[PDB]
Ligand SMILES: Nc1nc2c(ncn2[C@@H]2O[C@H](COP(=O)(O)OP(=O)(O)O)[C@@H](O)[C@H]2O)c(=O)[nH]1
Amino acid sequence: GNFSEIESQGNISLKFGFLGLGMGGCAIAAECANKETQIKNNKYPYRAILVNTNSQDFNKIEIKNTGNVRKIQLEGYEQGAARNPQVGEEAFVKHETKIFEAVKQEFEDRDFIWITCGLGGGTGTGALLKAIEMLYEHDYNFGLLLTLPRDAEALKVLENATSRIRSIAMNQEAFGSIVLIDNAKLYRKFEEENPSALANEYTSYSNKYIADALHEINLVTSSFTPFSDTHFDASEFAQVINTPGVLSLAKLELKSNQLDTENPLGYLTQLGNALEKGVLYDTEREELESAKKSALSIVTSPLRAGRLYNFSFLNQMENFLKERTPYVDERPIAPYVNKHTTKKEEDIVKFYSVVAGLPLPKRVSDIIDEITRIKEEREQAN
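Let me see this chain alone, in the form solved in complex with guanosine-5'-diphosphate (GDP).
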C-alpha cells in the first residue's frame, strides 16, 4: 500500500483520530496512527489513544508515530482470557476521567474520531458503549471502526460480538458511520491471494489492509483534479462518514480497454460485483437499495480522461448508481484526472465508492446462526 506518489502531490480530506479499545482495536488504531505519508508538512496525519488492560501484547503494540499515539492503561482490570464484557465496561468507567483527559488533549485538532474495536473480546467490547457515550456526551464527531469475529473464535466471542452489534444498530442514530470489517472475509481474502502464506502473516496484513483502505479513500477525495463540476471532495466525504448506519467501501481498477462505453455490460458488471464484494465486508443489492447516501469517484490519466468522461460513460454511471442506491439523498458521480499519472499507469481507470446508512450485513446473521447451531445441538446432545 504505497501511496507515496499520490501523497506527494495530494492531501487527506479529514484529520482522523482513532480511539482504540481492547487488543484488536488498539492494534488497528495504532496501525492507522503510525502511518507515514509524503504529504507536504504532514508526515503523520493521524492520531490515536489506545485504551487497553496491561499485557505483554499491549506492550508489544509497537508505536512509530511518537506523541501522536498515547497508550492509556486500564490498571486493575486485566482480564486474561475471560472474554467478559462486563469487566471491560467497569474498567472504562473507573478510568473515564483519565481517558477523557487524554482524548481531550490528543484529539483537539481532529475532524472525526473512529472508536476502533474488535468485537468479541472482553475489554474492547465491554468498553465500547461507554466510549460511545463519552464521545457523544462531549459532542465529538465520531463513528465506529469494528471487526466481526471468525467462526473458529467460538461461542463466547461470537455471543459477545452479537450482543454489542445489536445494541449498536438500535442506537445508531446517535453517531456517525459504522465501518464494519468482516474478519472471516479478510481471512479468506488472504488465503486466496496468498495460498502459500503462513498464519504468521495474517494479523499484520489485515491491519495494514484496513488502515490502507481508510487512508486511501481519505486521500482520493482531496488529491486529484476534478474533471467537472460534480465533486466528491472533503466536504462530501465528511457528510458521508457522519451518516448513521453501516458504511461500505468499494474499489475497482480496470485497464482502459476493458471499459467499453459502446458495450457497457462488461465493465458495469465488474463494478457491480466490486460494490457487493466490498473492501472490508460483503454486501448485497438488497442492502444497498436502502442506502441513505452514496458517492462514486473515477480517476484516470490526462491521456484517458478526456476520451472516457463523455456523455455516454457519465450517463451509464449515473444509471448504475441510481439502480444500486435508488433512494439516496444525493449520489454524485465524480470524475477526476490524476494529472501526475505515470506513463506506466496511463491506461488504468480506478473506481472508488462509498455507500452509507446501510443495514447490518449478512455476516451478522450468519454469526447468530452459528451461535444458534451450537446451543441447539448442545440441547439435543443433552
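Numbering follows the first chain given and starts at 1. By rigid core we mean the largest C-alpha set that fits within 1.5 Å across both forms. Compared with the form deposited without guanosine-5'-diphosphate (GDP):
- 166 is the only residue from 208, 292, 304, 166 whose Cα shifts by 2 Å or more between these two forms, the rigid core being superposed.
- With the core held fixed, residue 116 shows a CA shift below 2 Å between these two forms.
- When the rigid core is held fixed, the Cα atom of residue 15 travels less than 2 angstroms between these two forms.
- Taking 2 Å as the criterion, residue 249 does not count as shifted between these two forms: its C-alpha moves by less than this amount when the rigid core is aligned.
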The other form holds:
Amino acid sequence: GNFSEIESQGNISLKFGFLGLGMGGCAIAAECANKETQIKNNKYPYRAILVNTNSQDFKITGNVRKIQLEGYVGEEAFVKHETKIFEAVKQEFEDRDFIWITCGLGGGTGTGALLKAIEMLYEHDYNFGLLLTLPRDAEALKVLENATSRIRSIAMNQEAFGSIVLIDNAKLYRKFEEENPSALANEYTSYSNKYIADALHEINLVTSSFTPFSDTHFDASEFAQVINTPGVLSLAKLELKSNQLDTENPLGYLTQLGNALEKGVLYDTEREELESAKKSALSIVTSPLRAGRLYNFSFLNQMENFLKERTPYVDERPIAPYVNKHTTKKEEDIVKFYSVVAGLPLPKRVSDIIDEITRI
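Take the protein just shown as the form solved in complex with guanosine-5'-diphosphate (GDP) and give its structure as the form deposited without guanosine-5'-diphosphate (GDP).
Chain alone follows, minus partners and molecules.
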C-alpha cells in the first residue's frame, strides 16, 4: 500500500468524496480521507463526511467532517438530520468528481438510511456510487429481509446512480489471516479499511500516472465512464514476469489473468456474471525495455480476444498498454495488469434475498 514513487511523478484521475454511514462505513471513509500521498500539491486528495449516531467508537486534516445523529443508523435519524447532512455535503464535496456512499450491509446501518442518502445525492444531481461491505457472517444478511429493509428499491433503481463496489469481508479476512497468521482478529478492521482504501487509490492513480504506449488509453475520462456505470464493479490486478507472456504458450499467463478476473481485489465474480458485464477496461504496465518487445499485435490481439470472449456484451473494451518510465532495474521484467469490469449483476446471495422480498 505504498505508492510514493508513482505518486511523486503521477496523479489521481478522480477527486473522490466519501459519505460514510454507520460504523463500518465511517471507518472506511475515514481511512480513505486520511490517505497521505506524495502527489505534488495534493497531499490529502480525498474528503469525507461521516454520518453516525453518537458513540465513543465513533475514536476514528480538516478533510473529514463528522455529523452526529445523537441517539446515544436508521432511516428516521437520517431523515431527521438530512438538512445538516446535506449542508455538509454542499460545503465539503463541491470540488469532488465522484462520491462513494460508504455503507456496511447486514451491519448496524439499515438499507433504509442508505436509500435516503442515495435519494439525496440523486435529487441533487451528484455523480455517485456505492461502496458496500458484505458480512463475513451470512446470518447477518438476514437483516436485509426485515420489514423495514429497502434493499429491493435500491436494487431496482441501480440505473439512478453509478457503480456498486462490493467488498466481501469473508474474503478480506482470509487474506488478512493468510497474510498475518500471527495477528489478532482485533487487528482485522484496521487492515481491512487500509486494503479497501489502497485498492481504490491504486486504480485511481494508475489511470493518470504512466505513459501510454499507443493511442488506446485507460485514462481519467475512461475511468470516470466505467466508475459511473450502473451495476456492480470489480477490480482485478495481476503481476507476472516477462518470460510468461509467451503468445506461443498462452495458457500460463492467460490462466493467471482469467483467475484474477474471477478472484478480484475486493470481490469474487463468477464466469457467468462476468459474461454479463456492460463495460470493461484493462491496462498493462511495464518497463521501457520490456514494453518494446511485449507490445506487438500478437500479444495485444491475443489479449483482446481473450477479454472479448469473457465479457461478450461489452461494446468497447480498451486494452491500454503503458510504460512506467520510472521502473527500476529490479522491477524491469515485471508486467502489471489492472482491470476494471462494470455493470455486473448483484451476487446470488443478495439477489436471492431480493427475489424472496418480491415474492412476499
